[PDB]
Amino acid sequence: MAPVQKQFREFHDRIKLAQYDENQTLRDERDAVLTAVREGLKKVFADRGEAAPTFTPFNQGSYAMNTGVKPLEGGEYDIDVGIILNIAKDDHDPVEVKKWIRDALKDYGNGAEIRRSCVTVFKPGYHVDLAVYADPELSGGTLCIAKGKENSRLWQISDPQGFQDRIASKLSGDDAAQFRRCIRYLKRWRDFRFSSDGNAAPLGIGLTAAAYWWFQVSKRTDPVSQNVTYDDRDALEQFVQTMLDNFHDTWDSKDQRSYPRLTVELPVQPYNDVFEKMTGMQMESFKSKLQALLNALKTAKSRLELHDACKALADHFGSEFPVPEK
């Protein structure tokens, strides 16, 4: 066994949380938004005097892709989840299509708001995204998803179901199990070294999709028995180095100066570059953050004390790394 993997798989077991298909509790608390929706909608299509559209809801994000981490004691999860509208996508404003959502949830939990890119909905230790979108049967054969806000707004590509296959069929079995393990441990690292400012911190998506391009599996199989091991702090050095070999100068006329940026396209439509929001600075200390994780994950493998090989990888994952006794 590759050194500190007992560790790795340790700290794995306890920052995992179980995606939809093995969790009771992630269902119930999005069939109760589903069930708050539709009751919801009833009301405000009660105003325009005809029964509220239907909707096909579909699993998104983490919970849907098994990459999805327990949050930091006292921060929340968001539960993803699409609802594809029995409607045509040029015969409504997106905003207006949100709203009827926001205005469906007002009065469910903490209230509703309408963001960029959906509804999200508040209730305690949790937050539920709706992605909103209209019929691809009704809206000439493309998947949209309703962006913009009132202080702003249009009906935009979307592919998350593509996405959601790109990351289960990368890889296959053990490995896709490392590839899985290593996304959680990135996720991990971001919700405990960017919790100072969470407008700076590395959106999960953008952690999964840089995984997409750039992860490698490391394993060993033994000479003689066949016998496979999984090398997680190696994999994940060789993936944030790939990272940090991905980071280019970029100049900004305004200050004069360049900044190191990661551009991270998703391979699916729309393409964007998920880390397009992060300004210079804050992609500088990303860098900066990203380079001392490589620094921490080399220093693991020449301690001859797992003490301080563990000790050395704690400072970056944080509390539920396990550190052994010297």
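Numbering follows the first chain given and starts at 1. For clarity, a rigid core is taken as the largest C-alpha set superposing within 1.5 Å between two forms. What changes on going to the form deposited in another entry:
- When both forms sit on the same rigid core, the CA shifts between these two forms reach 2 angstroms or more only at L203 out of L72, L138, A177, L203.
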The other form holds:
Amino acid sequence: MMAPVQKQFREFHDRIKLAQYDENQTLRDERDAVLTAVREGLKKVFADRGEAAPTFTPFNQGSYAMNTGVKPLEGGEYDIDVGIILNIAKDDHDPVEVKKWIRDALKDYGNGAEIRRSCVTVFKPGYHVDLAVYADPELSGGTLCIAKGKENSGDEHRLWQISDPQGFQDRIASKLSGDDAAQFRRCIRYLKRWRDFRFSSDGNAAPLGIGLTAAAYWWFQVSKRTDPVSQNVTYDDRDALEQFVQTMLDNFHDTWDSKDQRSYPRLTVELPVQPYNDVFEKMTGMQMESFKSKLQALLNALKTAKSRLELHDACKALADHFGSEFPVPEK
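Given the form deposited in one PDB entry, corresponding form deposited in another entry:
Here you get just the chain by itself.
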């Protein structure tokens, strides 16, 4: 019979997983260090304006909130995502200015902050902290809005955009339960490691993380077998990946670009909560074309790894796409 690869996938998962905030004191302390720095820095920033400093409530975001986090490859960075809800009315402030408050509060913290379009990012050895900045729903008419725009942006691109990070997190947590949900999370992690191994450490692959998470929300399906007599359950991560990758490939659509006078294959993945935006929208057509090609190569490898006699060969085919922490037994 063909060599199975489930034990190797579970070993691979053990190597790449990074514990979520609730189980990771190091991440909680690094998060809280950035949060304490912003409180102190705001004291100083606003004593300088004759105004009382604003208060904020933080909340966990991203993969370390959703338990979909992976360890970076050597040289890569961890990504601590957090939301802060300032006690301010959105109609009374420009979003970029509010993010300036936060950046200035984190001037002399670590490697200094940086105002990015959707967050303030502070850099420290081996990780960065992505602070998404929101206005208070109570003071802003009932809705939760994130500060969009950077110092580069014109008036068209400075806005307070409706956002539902807790509804998104709830949907990821609630789609499945128990060991079904564990396999869902494993497969998200496997594809994040594939991202880090086969796409560059620049931001062209920056939307892959959230994109693959939202893709899995729409399209992942469990693969397990239940013995009709013993009721014993075994999971098949290789097959779950094969079905999911094939479904992603099925949803690419050839999309004409009038500027370039050609089509590019594009995968649109809507966020399942507000603002329902295509989380892959920033990827260029040429990057989409490369993404599709690499997903197809991954799919071909997943199929090859089903049909090898030797476990070494099945695992080698997988490690060509998942990298050198995918275990490959000797022949």
